[PDB]
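Have a look below at one chain only, the form deposited in one PDB entry, in structure tokens format.
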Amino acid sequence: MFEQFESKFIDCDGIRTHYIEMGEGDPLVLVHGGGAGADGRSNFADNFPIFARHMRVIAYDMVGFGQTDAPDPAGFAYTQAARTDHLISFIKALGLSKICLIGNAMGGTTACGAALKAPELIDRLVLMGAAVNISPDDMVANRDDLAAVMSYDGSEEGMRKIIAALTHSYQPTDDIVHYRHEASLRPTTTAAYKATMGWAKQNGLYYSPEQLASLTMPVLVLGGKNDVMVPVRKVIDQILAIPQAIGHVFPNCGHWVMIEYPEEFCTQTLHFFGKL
């Protein structure tokens, strides 16, 4: 699946990093989320052709995901700082700067991380259902609401349940269900996954109210009102914790805005980037 895009690879301080790109002009990096088997092209396939009419759009796989190197976790700590520094390395590897940057969930954590640590690389930031204020205790409120995502049996019909929990009325095609099922069991990245989630659950995915107020570039914050994973109240907190932030909340919408409303996701973000 997804062979419409050409896989490319670049070295990021020793991490061989998979990415796809399309379009010309100003750079937009997309950062995928941290679900089991997530990567750039499955998170963003729908939006890529829209963005590519206006910008050079780029999705990469975070360390531990996709076809990017997953360093053995017997020797590599899968911490947030590890993702952030990888993103920064990736950006610099391609030579870009003053990018537009969008992150979903743990990808949001990472985009925010980079915007904090290397602000000179990032002109605009979009946080979408972003894990930027989820505490260790917030992890562990395993509501009924995560029945499917937490007790994932490893089966196809299990993956359908996870997709149906993470979205409001979206109905994935068989090939998407198949691709997400498989990717979720890939040997290469299962270990890295269990480490990534272990660390997250223990340490949360979190920046301080003061860190958040210190972002130096324009910010757009998006969220699905029905998002069962990064609840709308946390997306509101982020809108109120980040002074300059624009806030946009989508109704009848779960955690996958870019997928559930591709058009509207692309319109609002392109408008914020000054391409409409």
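Shifts are known only where both forms have a C-alpha. Residue numbers count along the first chain shown, from 1. By rigid core we mean the largest C-alpha set that fits within 1.5 Å across both forms. What changes on going to the form deposited in another entry:
- Rigid-core fit between these two forms: of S155, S169, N203, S97, the one residue whose Cα shifts 2 angstroms or more is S155.
- Once the rigid core is used as the reference frame, the Cα position of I134 differs between these two forms by less than 2 Å.
- Superposition of the core reveals a Cα shift of 2 Å or more for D144 between these two forms.
- Superposition on the rigid core leaves 142 to 162 as the sole run of at least three consecutive shared residues whose Cα positions differ by 2 Å or more between these two forms.
Return one more block: the form deposited in another entry, after the form deposited in one PDB entry shown previously.
Only a single chain is listed, so you will not see partners or other molecules.
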């Protein structure tokens, strides 16, 4: 699946990184969600053609995910800072400056982190159901809805469970499910995933109110009103905690804003990027 995009690869301080790209113009980098089997292709396939008509759009696979290297977690710690540093490295490896950047959930943690740490690279930020204020306690507090993703058994039913919980009125195709299931099952990505989630569960995906307020560039915060993974009140706190943030809440919409309402998602983001 997803062979309509050309797989490309580049070295990011020793991490071999898969990405796809399309279109021309200013660079736009998309960062996918952190659930089992997720990658750039599968998260953003529906948005890519629309974005490509106006920008040079780019979706990479996060360290531990997809076709990017998944270093053995016997020797590699799967921390937020590792994702964050990976992203920063990726942007530099490609020679990109002044990017627009969109992050989904954990990809949102990562996009935020990179915006905090290397803001000179990033002109505009979009946080889409971003896990940027989810403490360890919040994880425990939302343990029931997070289980499908956090304690993923490795089964097909498990993957259907993950997607049911990422969505409000979206039926994925068998092909989508099969793709993420099969991807999830590679032994290296399985182990990197368990480490990834175990660390998330213990440490949270979190920045402090003061950290969020220090972001130096324009921000668009998006969220599905029915999102069970990053609940709308968390998205609302992000809007309030980030002085300059535009906020936009989507009704009849679960976590997967970009897939449930691909045109509206693209419209609102492209408009925010000055492309409409």
